[PDB]
Every structure is written in C-alpha cells, then in structure tokens.
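Presented as structure tokens, the chain that follows is alone, the form deposited in one PDB entry.
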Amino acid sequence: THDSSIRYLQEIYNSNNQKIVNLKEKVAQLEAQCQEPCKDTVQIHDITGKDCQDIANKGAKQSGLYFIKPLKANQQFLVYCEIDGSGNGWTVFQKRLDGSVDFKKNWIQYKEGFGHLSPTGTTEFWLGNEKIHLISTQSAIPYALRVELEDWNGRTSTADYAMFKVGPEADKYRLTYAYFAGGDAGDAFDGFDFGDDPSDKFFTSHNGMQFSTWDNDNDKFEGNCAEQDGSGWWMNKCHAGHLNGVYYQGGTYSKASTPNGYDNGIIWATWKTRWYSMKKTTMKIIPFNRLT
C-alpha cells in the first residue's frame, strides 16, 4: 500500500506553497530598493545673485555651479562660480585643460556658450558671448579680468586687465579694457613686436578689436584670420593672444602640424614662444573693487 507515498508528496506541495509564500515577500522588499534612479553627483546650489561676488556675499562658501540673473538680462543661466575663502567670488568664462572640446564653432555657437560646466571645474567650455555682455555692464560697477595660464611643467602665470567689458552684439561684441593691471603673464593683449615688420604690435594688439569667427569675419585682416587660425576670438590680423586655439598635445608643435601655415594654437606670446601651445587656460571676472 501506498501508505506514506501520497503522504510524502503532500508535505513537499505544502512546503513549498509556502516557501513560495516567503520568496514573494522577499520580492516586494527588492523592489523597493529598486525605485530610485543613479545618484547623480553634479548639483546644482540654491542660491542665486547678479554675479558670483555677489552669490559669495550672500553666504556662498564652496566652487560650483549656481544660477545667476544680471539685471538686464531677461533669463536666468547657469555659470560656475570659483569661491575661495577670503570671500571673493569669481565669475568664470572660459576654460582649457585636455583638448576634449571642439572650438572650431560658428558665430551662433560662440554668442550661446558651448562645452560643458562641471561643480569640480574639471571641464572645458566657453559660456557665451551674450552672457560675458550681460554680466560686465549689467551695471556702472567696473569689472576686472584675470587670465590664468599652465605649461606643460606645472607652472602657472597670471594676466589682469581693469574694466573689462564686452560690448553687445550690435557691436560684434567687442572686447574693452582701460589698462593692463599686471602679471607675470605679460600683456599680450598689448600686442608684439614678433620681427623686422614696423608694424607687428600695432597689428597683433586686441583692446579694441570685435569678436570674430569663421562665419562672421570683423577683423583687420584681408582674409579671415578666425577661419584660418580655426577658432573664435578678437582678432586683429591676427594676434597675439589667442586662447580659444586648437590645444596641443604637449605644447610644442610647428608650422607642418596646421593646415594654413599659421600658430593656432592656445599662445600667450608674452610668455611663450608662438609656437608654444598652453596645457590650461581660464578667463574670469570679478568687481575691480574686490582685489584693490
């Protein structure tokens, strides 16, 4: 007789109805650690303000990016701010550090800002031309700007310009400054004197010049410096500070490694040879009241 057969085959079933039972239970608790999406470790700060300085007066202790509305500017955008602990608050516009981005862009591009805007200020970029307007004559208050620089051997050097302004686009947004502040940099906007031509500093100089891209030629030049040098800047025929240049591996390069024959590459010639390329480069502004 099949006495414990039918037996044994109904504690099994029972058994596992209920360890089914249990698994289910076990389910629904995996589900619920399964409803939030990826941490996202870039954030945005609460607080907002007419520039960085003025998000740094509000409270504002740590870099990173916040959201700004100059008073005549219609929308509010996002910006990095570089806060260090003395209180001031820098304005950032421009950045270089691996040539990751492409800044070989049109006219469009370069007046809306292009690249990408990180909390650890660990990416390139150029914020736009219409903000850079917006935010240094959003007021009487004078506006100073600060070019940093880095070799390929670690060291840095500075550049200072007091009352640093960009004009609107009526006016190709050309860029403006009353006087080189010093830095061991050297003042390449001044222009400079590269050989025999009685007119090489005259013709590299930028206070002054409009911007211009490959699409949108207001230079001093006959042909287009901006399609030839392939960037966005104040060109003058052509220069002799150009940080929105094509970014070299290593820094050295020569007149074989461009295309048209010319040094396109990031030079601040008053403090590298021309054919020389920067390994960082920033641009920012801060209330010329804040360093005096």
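What we label the rigid core is the largest C-alpha set whose atoms superpose within 1.5 Å from one form to the other. Residue numbers count along the first chain shown, from 1. What changes on going to the form deposited in another entry:
- Only one candidate in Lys255, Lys61, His45, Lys26 has its Cα displaced by 2 Å or more between the two forms after core superposition: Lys26.
- Fitting the two forms on the rigid core leaves the C-alpha of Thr273 displaced by under 2 angstroms between the two forms.
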Given for the second form:
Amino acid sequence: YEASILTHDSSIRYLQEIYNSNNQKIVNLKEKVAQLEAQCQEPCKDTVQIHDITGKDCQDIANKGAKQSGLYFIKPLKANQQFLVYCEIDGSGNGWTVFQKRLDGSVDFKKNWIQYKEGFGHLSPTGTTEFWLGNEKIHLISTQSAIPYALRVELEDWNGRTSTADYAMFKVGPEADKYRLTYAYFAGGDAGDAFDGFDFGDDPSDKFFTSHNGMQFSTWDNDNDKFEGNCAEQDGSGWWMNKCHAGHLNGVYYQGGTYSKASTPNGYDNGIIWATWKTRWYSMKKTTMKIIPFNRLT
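Pass me the form deposited in another entry as well; I've looked at the form deposited in one PDB entry already.
Keep in mind that what follows is only the chain, not its partners or any molecules around it.
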C-alpha cells in the first residue's frame, strides 16, 4: 500500500533505537569473547607426570622420602645424562629400579643391538607398559663404585599364581664386554634358579649350555653366544644367550601360556620361559626384572 509520510519519523527513530541496541550488544559480546579467550590458553592436562625428587637410583630416591611408585629421573654416579625410570616403592622404603617388563605383548621385543643398548618400550606411572630400560643404563645402575646390587625376577602364569627368584651381587658389564651378566649366587625363590641352567633331558650337557651367569648379551645383529648358530636370531629376542637358554624373559609373547613346536618357524622354543618354574612350552603372562642395592634385601 505504501506507508504514510508522517509515519516516516516514528519509523526512522525506531531503526536508530535498534541499531544502537545492536551496537551495545556487539560491544558486550566482544567483551565476552575476550573473557572466553583467557579460558582457552592452557593445554590439555597430561595425566602422566614425572616426580620431582631425583637421585642415584630408586633406592636413593626412596631414601629421600619418596613414597609412591612412578616415573623418576635417576642419574648414577658414572653417567653423563640423567634418564627416566619406573621406580617401585613399597611400604618398607624399598625402591626397586625396574629394567624389564612384560604383560600384554604390546611391545615387540625383537630388537637390534643398539635398540637393546639404548632401550625401547614406554614407561608409565601406573607401571602398566612393556619395556626394556636399555643395557647401557642397566650397566650404570648396577656398577656404581662399591655398591653390591640385587636382581629380583617376578613371574606370573595365566592362572593367577606368581613366583619370584633373587640373585645377589647382580651386575651388567660395559659395552666393551658385550653387557655381560654376572652374579655371586642365587638368593632363593619359588621360581627356581634358571640362571644355573636346567637339565632339559635332551643331552647331559644341557645344564651348562643353558646357564646364564657369565653370558654376554646377544641380538640377531650381534651374535655373542656359545652356539655356532644364532640364538637371538632364531629365538627372536635379545638376551644373555648360551646355547641357548633356560630362562628367556625377553621372548616372544604367546597368548595363553601353552604353545607348541609348530607355533614357531625355526622349530625351537622362543617364548617367555623360565625352565625351573614351568615347561619350556609355557610362556608367562607377566614378567618383571627389577634391581635394588643388596643391603636392602634384608
């Protein structure tokens, strides 16, 4: 129809009353955007945190008042750089430095020489990941000028039961001597001394060619075993191989425990085995190798 000429003035000032209205809102909103900004600066909260306290090892750390299990930087006396570790700390003030872990087969343990030297896997505060700390570190932690050390091995079958085995004056040599495993004696434990060797029943010599005390470290790409073939290649791991092994905690992860000869390609038993506790055809579900100054193990 077309609006009235006298309507034009009411209509005209109505638009001003909403333009300014809008304008005011626009200024209040910009101001509120500004406030939302200061809310969006922090990153996502990473749940995994490294503890503040540090020392020569987990036992040193635990003696400085550390109470709970988690990730810690340690630095042995003769080391250049410091390095992260899992420290297990119990109610009695014991700080175990864990250097090996198995539990779900998530990590592939068929790694080369460098890889076993430097380390692979992941560290987790809940201590729920598979890892190898790295030989070089293990050597450093266990050879600090006149500190007798001890290794505990912790197994777990696919049926609930767990078993330990201890070793006094535990020690790993330098790269020079191919990270040699030495210990004074078996310190007891219902898993049984599998480093003494095992009478497998395929030959009278077995007991010796399966012992680990004195063995050098071996990977497929660095054969240092007492067998003209390649233990670490065939058994597909990195371990202190003889000809070849009674205990094989860095072995291939077999789900369920039971595995057979046809499970493997090269005929031999490559699983995570500990011969004094279970048959060479039973592979453990959980595996843990940890060390603590000997004077601390009662």
